[PDB]
Structure formats: C-alpha cells, structure tokens
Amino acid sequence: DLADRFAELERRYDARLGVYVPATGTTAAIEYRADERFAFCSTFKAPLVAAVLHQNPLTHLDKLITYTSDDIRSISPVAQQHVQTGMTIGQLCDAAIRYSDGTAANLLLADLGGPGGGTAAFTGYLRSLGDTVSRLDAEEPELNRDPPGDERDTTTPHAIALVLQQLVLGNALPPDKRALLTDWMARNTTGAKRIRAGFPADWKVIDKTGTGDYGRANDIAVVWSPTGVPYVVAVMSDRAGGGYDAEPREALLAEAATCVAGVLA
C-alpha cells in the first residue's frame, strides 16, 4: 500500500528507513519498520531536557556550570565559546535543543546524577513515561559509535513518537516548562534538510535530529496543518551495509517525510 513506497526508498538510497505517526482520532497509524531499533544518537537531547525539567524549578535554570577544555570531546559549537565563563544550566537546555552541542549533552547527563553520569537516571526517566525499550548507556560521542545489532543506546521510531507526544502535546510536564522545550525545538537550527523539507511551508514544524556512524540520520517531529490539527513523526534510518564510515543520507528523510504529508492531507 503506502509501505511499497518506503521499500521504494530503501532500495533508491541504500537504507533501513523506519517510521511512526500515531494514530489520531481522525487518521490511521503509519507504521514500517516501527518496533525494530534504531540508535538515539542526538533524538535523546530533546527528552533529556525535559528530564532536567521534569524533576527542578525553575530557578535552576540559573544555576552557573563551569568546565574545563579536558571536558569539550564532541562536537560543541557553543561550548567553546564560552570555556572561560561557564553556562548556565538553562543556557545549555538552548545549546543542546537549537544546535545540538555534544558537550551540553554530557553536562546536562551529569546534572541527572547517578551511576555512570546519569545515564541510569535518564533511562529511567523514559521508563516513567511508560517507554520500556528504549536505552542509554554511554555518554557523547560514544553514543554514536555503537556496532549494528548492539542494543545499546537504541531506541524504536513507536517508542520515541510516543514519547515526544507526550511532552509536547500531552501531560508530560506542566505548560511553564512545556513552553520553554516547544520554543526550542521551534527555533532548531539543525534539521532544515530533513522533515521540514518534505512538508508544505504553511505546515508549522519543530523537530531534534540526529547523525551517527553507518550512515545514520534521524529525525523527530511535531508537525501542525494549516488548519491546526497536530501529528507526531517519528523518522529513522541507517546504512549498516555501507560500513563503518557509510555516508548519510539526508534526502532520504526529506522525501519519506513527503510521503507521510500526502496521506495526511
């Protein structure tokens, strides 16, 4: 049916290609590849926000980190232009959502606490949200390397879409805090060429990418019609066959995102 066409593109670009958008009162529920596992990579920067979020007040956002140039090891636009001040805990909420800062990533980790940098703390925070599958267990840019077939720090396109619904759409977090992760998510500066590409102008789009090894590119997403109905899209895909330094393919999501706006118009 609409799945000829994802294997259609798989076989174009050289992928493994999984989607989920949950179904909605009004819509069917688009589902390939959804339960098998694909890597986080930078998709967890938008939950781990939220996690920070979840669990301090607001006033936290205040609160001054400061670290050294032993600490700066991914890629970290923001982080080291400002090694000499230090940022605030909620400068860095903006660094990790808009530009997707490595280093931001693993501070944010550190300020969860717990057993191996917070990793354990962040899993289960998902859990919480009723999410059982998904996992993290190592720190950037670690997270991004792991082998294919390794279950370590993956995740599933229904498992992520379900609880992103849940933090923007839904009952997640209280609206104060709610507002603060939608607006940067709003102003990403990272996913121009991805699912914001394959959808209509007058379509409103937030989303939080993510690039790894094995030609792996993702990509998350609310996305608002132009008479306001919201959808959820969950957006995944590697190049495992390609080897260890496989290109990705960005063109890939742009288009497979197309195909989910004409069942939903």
Contents of the next structure:
4 protein chains.
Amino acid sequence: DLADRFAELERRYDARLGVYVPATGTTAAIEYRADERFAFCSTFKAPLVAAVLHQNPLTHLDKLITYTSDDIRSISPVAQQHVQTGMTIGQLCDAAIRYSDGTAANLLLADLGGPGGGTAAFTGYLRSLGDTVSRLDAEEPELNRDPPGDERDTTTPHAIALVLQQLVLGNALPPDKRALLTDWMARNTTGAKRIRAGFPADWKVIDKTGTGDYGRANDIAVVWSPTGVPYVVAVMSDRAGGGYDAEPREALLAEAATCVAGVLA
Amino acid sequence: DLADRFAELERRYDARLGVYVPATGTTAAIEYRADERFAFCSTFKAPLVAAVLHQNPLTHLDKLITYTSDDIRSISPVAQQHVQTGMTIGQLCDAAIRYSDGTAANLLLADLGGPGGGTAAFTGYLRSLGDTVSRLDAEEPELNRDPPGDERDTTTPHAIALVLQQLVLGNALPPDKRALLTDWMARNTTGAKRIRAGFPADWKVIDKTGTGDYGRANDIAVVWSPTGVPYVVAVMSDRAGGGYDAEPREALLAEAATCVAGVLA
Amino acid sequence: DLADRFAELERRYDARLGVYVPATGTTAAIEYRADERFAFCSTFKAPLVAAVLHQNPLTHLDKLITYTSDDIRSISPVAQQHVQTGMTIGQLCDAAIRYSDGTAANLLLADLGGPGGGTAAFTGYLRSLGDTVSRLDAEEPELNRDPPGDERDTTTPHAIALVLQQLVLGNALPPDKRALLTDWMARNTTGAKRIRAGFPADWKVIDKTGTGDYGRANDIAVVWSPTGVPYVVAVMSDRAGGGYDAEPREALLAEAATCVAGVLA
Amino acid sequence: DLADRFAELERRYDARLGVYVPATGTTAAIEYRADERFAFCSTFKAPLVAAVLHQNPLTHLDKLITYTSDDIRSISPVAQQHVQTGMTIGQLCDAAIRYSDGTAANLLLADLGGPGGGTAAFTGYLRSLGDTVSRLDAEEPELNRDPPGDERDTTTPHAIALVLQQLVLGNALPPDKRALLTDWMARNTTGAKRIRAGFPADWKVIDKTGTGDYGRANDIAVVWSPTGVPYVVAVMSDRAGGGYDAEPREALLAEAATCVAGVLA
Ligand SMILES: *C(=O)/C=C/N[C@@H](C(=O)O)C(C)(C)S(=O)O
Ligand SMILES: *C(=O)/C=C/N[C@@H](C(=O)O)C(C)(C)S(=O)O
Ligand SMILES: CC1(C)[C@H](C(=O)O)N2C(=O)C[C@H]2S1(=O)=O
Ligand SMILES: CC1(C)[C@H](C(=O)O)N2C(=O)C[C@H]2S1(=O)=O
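Having seen the form solved without sulbactam (0RN), can you show the form deposited with sulbactam (0RN) bound?
To see the whole picture, the full complex is given below, headed by that same chain.
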C-alpha cells in the first residue's frame, strides 16, 4: 500500500505530507491528505500569471510598470535590479515563475486590480476554474507566515493539482498564451531539489515551488513519462510542530516524488 | 504487491522479467522470478575481473598479453585496437567491464587457466563465494546464444545479486582490489539506458550490463541513495518465445528499475 | 597571424573580443586586446574565494552566516533556498563559483572586511599577486552595469590570466586549499557553451564565467592537454556599442576557444 | 602558417602526415602532403560499400551470402559469429563500415565480381568518380602490409577526400542509398580516438578509419560545424623507417584534426 510509505516519510522527516496526482485514463489517482489544506506559499504565482494572460491581450505584456524601493518587501532578485528602469508585465511574469520573485507577484496581483490589492480578484479567477476551496488573502510576504490551522492563504493538493491540469494540459488558456506559461515553468530555477530530483532524468518536469515558515515546502508540477504520457503531481508539506522557525526539508518532497514515479512506471 | 506491476510489464513488453534486491537492515528483499534461471551474457565479466584480482597479486596487472587476429571472435572495441601492441591484464579488465569487450573476457578466462579455457575455474570461484547455482560453460560469443531451457551459461537474479554484494559491499576482496572493481563499474559506458535510466540522478549507480540473442537484456548494479545507503539491484530479462532474432527491450529494465526506486525511497 | 581570425570573429558577432593565453615553457603567448580593459562581471568570484581561503584557516569554512531577504539583491540560485537556515562560508564558496550565486559573492566580500563592504580588501589581494591593473569598486549586481569606458570593476585578459595562473598552477595557495578551488571550478555549471564548448572533449577544463549588460561575456579557464600540459585561457568580450540591452554571444567565446586549441595542439 | 604545425607534428610523433580538406565556398583548401600516396588500409571499405549500392538495386541487400571458416582471413568480429547462419549483403555493409570487418570487406569485393577477386571492379568504380590516382590490388589483410614506396593499394588525401565528398555530400548515389551510407559511418565504433577526438563535441563527425603495418593510421571523415557547415577532412599517416612492426600513433591524427578545427572556426 502506497499510503504506508507516505506516513513512513512523514514520521522520518517529522512533517505532514500532502500528495495528489489526478487520475489519467490509464492509472488511478494518488491521494494522501489530498483534501487537507496547505499554505499556498510561492505556488500561487503559477495561476497568478495565467490570470493576467487570461484577462489581458498579448500586447499587455509590453506595459511598463514603475515602482519605488518601498514596494520591495519579499525576496526579489529581479525587481531589486530594475527599480529605476521599471519592468514590463512580461518580465514580471518571467520573474514570478522562474525566480519566484515576491514583489513581481505583488505587482501582478495589483494588475489584477480590486480590493485587497487584487487578492479578491485572484481568488475569483480560481473559482472560474471550478476551485471553490483555495483562497488568497494577503500579499507577499505575509501569505507565507499564516499560523497553522488558519484557512487564509491556503489551498489543497486536490484543488491546486486540478487547477494546474486545466492550465497546462487543459484548454483554460488559448495555446498561444498556454505556451508562454509552460516555457516559464520549464525554465524554473527554484525547484531543482524537489520533484525534479525525485523523477528519473528521462522524465520531463515543469514546476513552481513554494516555501514558507513552519517548515512549509510545496511543489506543483507537470511531468511527462519517457514515452510522452503527462501527469500532474501536487506535493505539499509543512512541519507546524517544529515551531515558526522550523527548517523545511526538501528531501521529503524529493523522496515522495520517487514514490509517485514508481507507481506511474 | 509490487509484483503486480512486474507482471504488467511482462505483458506490456512480451518478455520474461527477473528482479532481485537483497534485503538491507531496514528494508525487505524484492523478489520477482528471483530463483528462475536467466542467461549470464556479459554480466559474468564483473565477477571474472574479481576472480583474476583475487588469485593474483596487484603486480600481475602489469603483465602484457599478446594475441593474434584469430582471437578477435566477438565485438571487441578495445582489443581490436591493440592487436599489434598487446594489452596488459589491467587493460583487459578495464575493457571487459567498461566497454564489455568480448575478447578481453576470453583472455581473462584463459589467464584463470584450467579446463574449458578457464570456464571451470570461473565457476569454481563462484562456488567459493557461496554461489551454488550459476555455471559458465562456453566463451564469447557462444554463451550468449544458448537455446531456451538450457541451463548452460545461466545464473539467477538471486545468485548474481549476492555475488555482486560480496564483491562490492562485502569483504570478498581486499580494499585495494575492491576499489579497482568499483571504479571500473562506476565508469561503465554500456548501461546508460537501463538501471541508470530508471533511478533519479542524485543516486550513484555502478553496473555491468549483458545482452545476447533471444531478446536477452540484463543489468546488475549497486545503487546508493542520496543519503548514502547502498543497495544491490539485479534485473534480468529475455524474450525467448520471440525467437533467436528477438529484439531486446531496454525500456523494460529502466521501467522496472523505476519501480524498485519507489520502494527503496 | 592568429589575430586575423580574431578580428574576423569580431566583425561576425558585432563585438569586441579580448584573448590572452600566458606562454608556457614550449609555446609562445597568445595576445589579442590582452591589455585592453574588460568588465570583471562574475570572473571576480574565482579569486574572491581564493582571497577568503588565503586569509583564513580551513576550519573557517564551517562558520555559519545568517542573512535576511533584503540581502538577496541579485540572481542567487542557492542563497534564495537557505535564507532561514543560513549557509556556511564553504557553501558560500561553492555557490559563488559553481552556480555564480550573486548574494554568496556579496557575503564573502563582507567576510573579507574593510571599506565598501570588502571591495577594497579584494582589490588589495590582487595587488599582492602582482596585479596592478584590476579593481573592484561595487557589489552585486552593480558591478555588471558599469558604462563603457569606465575603469570601475574592470580588469584585462593579461592581468586576470596571470592571477588565475598563480592560484591554480602556482603556489599562491597551499595545496590543501588550492585543491578546493580547483575542484569547485572543475564542477562549474554556468559555462558549458563557452571555453568548454570550444575545446575537444578529451581536454580537461576548469573555468569561471562572467556575464553582464552591454552584451558582456567572459570566461577565465585553465585547460589541460590530453597528455597533461596545462594552459591558462582568458577570453572576454562585450558589445557596448549595441547598447545596454545588447545580447551576449556565447558562440564568440566558443569559437575563439577553438582557435586557441588549434594553436596549442 | 598552418603547414608549420603539421611539420612540427611530423617531427614530434616521428611520422609522415598527410592532410587534405577540400575547399568550400567560404574557406580555402588545406593541403599537407595531400598529393602524396598513403596506403588505403581500411578506408577503402567506405567507397567499397558505396560501390555495392550504386550498381545494385536496393533488394540486393537482402541476398544471403554463405561462407566457410577458411574465408575468415582478417580481423572479423562480426563475420566470425555467423559462419553457420550466413550474413546478408546488408549485414556485410554494416560490418564493413562500423566494425571494419575484414571478411565482410572481402565478401563485398567478391560481390563486385571481376578479376583479382573484384579489385579491378572497385578501382573501376573509383575511376567513374574522377579519381585516377587510387588503386586497389590485394584483399584483406594483404592490402595493409605493402612495403613503403609501393603504389599498390594506395590513395592520396587529395583523392580520397573528393571521393568521400561526392559520396556523402554530392549526388554520386541517390538519396535512398546515400542515407544508408551516412548512417553507417555515423555509428562507427573504430574511430573514437582520431578525427572524432580532435574536434569539439558540438561538431558532428562521421568517419571510416584505416590501420595497417608500418605504423599506418588513416581516418577519412565528414564533419559538420555547430551551425551546420559541412567539411571533408582526410588525415593519413605512416611511420616508414621505424620498421614493419612500428607502432601507429593515433594521437597524431587527433592533434592534426584539432589544427584543422582551429582554422575552420
Ligand atoms: C554482452 O553480453 C555482449 C557481447 N555482445 C553483444 C552486444 O550486444 O554487443 C552481442 C549480443 C552482439 S554478442 O556478442 O552475442
Ligand atoms: C556576475 O557577476 C554576474 C551575473 N550578472 C547577470 C546574471 O547573469 O545573473 C545579472 C542578471 C545579475 S545582471 O548583470 O543584471
Ligand atoms: C517568504 C519567503 C521570503 C520567500 C517566499 O516564499 O516568498 N521564501 C524563500 O525563498 C523561502 C521562503 S521565505 O524566505 O519564507
Ligand atoms: C583488420 C584491420 C581493420 C586492419 C586491417 O588489416 O585491415 N588491422 C590492422 O592494422 C590491425 C587490424 S584491424 O585494424 O582490425
């Protein structure tokens, strides 16, 4: 039984593990705490980019956004370099996915517009994909430091996996805009030690990671078998019992991904 | 419950699959047709080098062996290049392991001495290691085209795994000679699409492959988890029912190796 | 006579190329704009690690350095992942060389101490090696955006080649610390399409790349012939005339490296 | 210029070097002893295969050829294994190119028919390509042991290069047969340490090697620049005066190929 290995990995790493792989036409669905709530962390930046692409034409990517040093509040290796020149919506998209730039996500949230800096509009976009569970309430970096048990800024492996399936595999975006999202996730630089490290090399892997306090470590991914069969793999975890400053364990997400690959083989 | 995937792979590839992983101190042993006989093929070249290392001092590796054009009876990518210069016993070991050189193996068997060109002496070495099942009767390339049902030149995944464990992990060789065999298998060039391809990249893999007629494809390996735990993986397969000219399916060994990695994670 | 191909490559790529290979005991020195100033870019991280290694004992590499999210000011593929756990001086060295981590370089400069966050101390280390040309004035990522004609954060291929020669080939470091620098540059991950791509596969290549605005592309390397003769190859280039957003051309450095290989053969 | 490096390599490796690169539309021709005669050695098997394709229909490749153990005269790693089942002309082609099989070459020469075991027919095919210099007089392995100064079984780097140019790049064969020849040379197993070893990895290389007595070592190849520009590189060498049992030096051909790569960069 596979759920025995997941609970074994939970005990070995002193964490709570959540795994969901939507069932394909050939294989069954993998579930472990799939309907339990985990914090979004940086993984929300993937459907955030799709939200801007969905509501705006392709020419919107050339719009230049100027910002001040007071807007830099989270880890922003790209936004800190263009404070004087500004960045276009396209560059904010590239930074929000590949480098998980915090303020780039906050600026994209503002581009969604609406109350709460665009968090209300963002959750509304998740509702259009049929997801009535996830919700974003804060901006960066507050959405990462919510206490355990709090439902604000949380999703579930079941909910986030099906969202990612419609965006990459489904037609929730036209193919011209769908290709831009996939290329950003394919050249991601922040998830080399997670789902990518758990699957063999001849498996294609695109992903968007997430890390927060309380030992939070997420990774939502779309993998391709060596023959070309696509799957959706949502792996999230936290270590609330270890405290606020608990260290996240990337090895947990990598070990769990290898268990998923063994079943899909 | 892992053997359900193995039987699914046998039906998917039209082949007979044999898998054995010796049990460690923490995990149990993986077995699938583990006590059924498969053809040695070139996998016998790994304990053959260990046999030469065991019976001779380290200075014996500098002995130069000369051979004629009539000795090149099989694919010999390294021995074919030094017919004028000759090759030392050390170079014959390197070619027999890394490039699976046939003529290098035949000369090493002759260096063992005894009846049948040293095939009796080689089997005698396996008997001293506790292997009471395997047997080598022919040389290259006759040992690769034995008819199905014939027990000549055959081993079992159970037997070959335990031999490899004693040679690499156990103390069947002194550490100075143990390091030579491990380094040769570490730089193998013929098995990139088998056990190496089924395991994630952060796993260290040393191996010696084997391929013959009747769709035969073997790969004996020693893998190391990212934390440093060693395991022994013996995967063998044939497609005898498909005839003498049956094509081997390397994807079968890679898929089976991925299933093993999920259990060992 | 080799400089005819170099000027032909400059015309083909619309760039300014700088090449220098210090003369060995058998061959003469290769020079092309060798005494012209090019921007340091990330090449300064190689002698920066050597500077830290020189001034501290080997046990100093275990000192844990803590940093905040505001320190992540540039592309930092390793520093972004250990903001909560912190990184040791040894890990900062590995990240600054192999992954060209920006924040790791800034922290190592702070460990050097002195004015301007340690840029003055770094320039002082180059002066002790006989380099009276180079100079580091800013930190990451400002040192890459300097305008053309400005001497700040610039070296010359003549100067950087002799610095790299003393660190790797000379005894400017004790062998225990010298071996650490060589192994880190040998496992570099950012320069597979530059000098490494210009040399045949049987040539060992260690290097540290550098890329910035104005189409800047540098690569300082130490290569070994298949027989074991070491050489030092310093290749730098920019396209300042193309503007700030000029695209760097890695093919120029790979082609220039191939021309040098023909001479050293 | 460049011919000084060739004379430097000749004096260093104690050999006689012959290099020819047919001029392209952009580059000039490389010549060094290009019109001097070197022994064909195994390089004649490349235009030999093209000869069978040219005068025979595609169905001729399925014709089964039977042979006895008395026909195995030269190094035949593939012909030694099929002395009972026999091999088709197509299998004889694959063995003659990729593994430089001796008996495979003699059987194809006999398939050409005519006087002298088909050597007269083979030279006649070379004459139709405009080559009035080369000539084949013996079979394997006699064609390799001719004394120096003897014009039997010899070609020139100028003559063999232009033949290879029409066979691979030109339309001396229809594309249906031209693709078969190119794929066989691309999967060659006997020339990894010659022209292939002298060019960088991002250069594609197909070749057919040749080795004989008197330290003879040839390699005719077709290389492709990383952008896709094809060239023809003919490198031949012997070491007359060193005796019949003189050792061939593969490093000479690899070093000379690096000099060619430096010019074409
Ligand atoms: C090891 O098992 C192989 C020797 N050669 C094989 C190969 O695939 O190269 C064969 C099957 C061609 S063989 O020599 O019977
Ligand atoms: C080495 O010091 C530089 C790296 N510079 C660039 C990079 O490739 O990461 C940037 C993006 C930091 S830059 O010059 O704005
Ligand atoms: C919230 C973060 C600043 C930022 C983030 O997820 O936005 N994280 C990393 O790069 C790890 C976690 S974090 O440091 O908590
Ligand atoms: C048979 C060869 C192709 C070639 C030959 O004789 O044609 N030989 C040498 O010079 C040694 C053997 S070989 O290289 O295998």
